[PDB]
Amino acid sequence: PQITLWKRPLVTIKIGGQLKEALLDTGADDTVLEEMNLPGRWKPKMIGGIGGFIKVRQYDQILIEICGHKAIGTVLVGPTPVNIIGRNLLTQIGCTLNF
């Protein structure tokens, strides 16, 4: 699909059974979701942005569906106000910027 940028690029995702809304974010290195439980072990990580840093939990090899496109990669979980799909998963679904 082609997604214009007049409004926030919000899409439906599926992860761990649940359907969520997330932002397709070319300015995020990593994918960060609001608090939830995921399978497997985790390790702490600090991530930074506008306003400073937050502590998140890192889960690896997580399956995700983004607009019906499946992908696998690292997912971070923590106190983010918005679900963020970062470049680590954007590449897997074949997402590019075009102008």
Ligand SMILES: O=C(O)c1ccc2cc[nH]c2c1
Contents of the next structure:
2 protein chains.
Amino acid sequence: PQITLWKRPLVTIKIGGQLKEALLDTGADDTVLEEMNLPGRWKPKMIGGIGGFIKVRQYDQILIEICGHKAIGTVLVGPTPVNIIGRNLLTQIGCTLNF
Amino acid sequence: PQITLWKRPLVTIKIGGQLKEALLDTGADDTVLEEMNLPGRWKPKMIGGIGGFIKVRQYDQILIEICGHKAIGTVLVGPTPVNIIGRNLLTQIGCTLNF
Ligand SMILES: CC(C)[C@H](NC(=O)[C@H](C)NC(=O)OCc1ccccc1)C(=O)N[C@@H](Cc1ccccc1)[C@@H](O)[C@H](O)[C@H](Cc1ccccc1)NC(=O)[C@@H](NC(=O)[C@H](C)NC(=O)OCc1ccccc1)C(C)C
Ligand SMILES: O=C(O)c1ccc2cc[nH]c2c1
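Given the form deposited without this ligand above, what does the protein look like in the form solved in complex with this ligand?
Complete assembly follows, chain above in first position.
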């Protein structure tokens, strides 16, 4: 699709077999989602943003669908106020900025 | 341009005869710079991110060029480690996300 930016670019995602919604975020290096269980072993990570740092669990090689488009990569899970799809997954679906 | 997301989408901006660089940020409602010398007065404003909330300095009607595209809008000055072009200005240059 082509998504204009008059409102937040929230889209449907599927992860862990569950439909969620998440922000397509070109200002995020990483993907950070709300609390959920994911397969495999996680490792602790800190991520920083506006306001400071938070503690997350890093899961590698996770399947996610973003508007039906499949990506595999690292998903961070933790107490974020919004589900964020970062560049690590945006690149996998061939997402670009255009003007 | 059509900008891929393998690295941060930093672009040249011009504000008050100063060239800077800033991140094209679809996850930012607002535009936030670390500094400028924006014409005098400002209004306080709160913004939030992943780590919590921060007070910033709001300036209205600021003229900015983003990759040579002229825009006018609100610019916040706040504790961001990276200059951020948010959706309030991305819309003005016709920027979209595409996949
Ligand atoms: C999501 C993270 C993985 C992401 N960070 C990174 O990519 C990394 C790895 N961080 C990194 O490099 O950190 C280095 C660092 C950290 C701390 C100190 C010094 C240096 C990030 O926070 N990125 C932000 C910018 C940034 C980039 C690099 C370093 C630091 C900050 C966004 O682009 C990102 O899009 C977030 C996503 C987000 C949205 C909503 C909630 C939480 C997070 N938006 C924002 O932080 C913006 N906020 C907002 O747009 C919101 C939601 N609105 C808002 O506040 O509106 C007004 C309002 C709200 C509430 C009440 C009243 C008014 C902000 C830049 C303006
Ligand atoms: O999920 C956790 O138990 C946890 C605890 C501490 C840290 C530090 C970074 N990530 C963490 C996750």
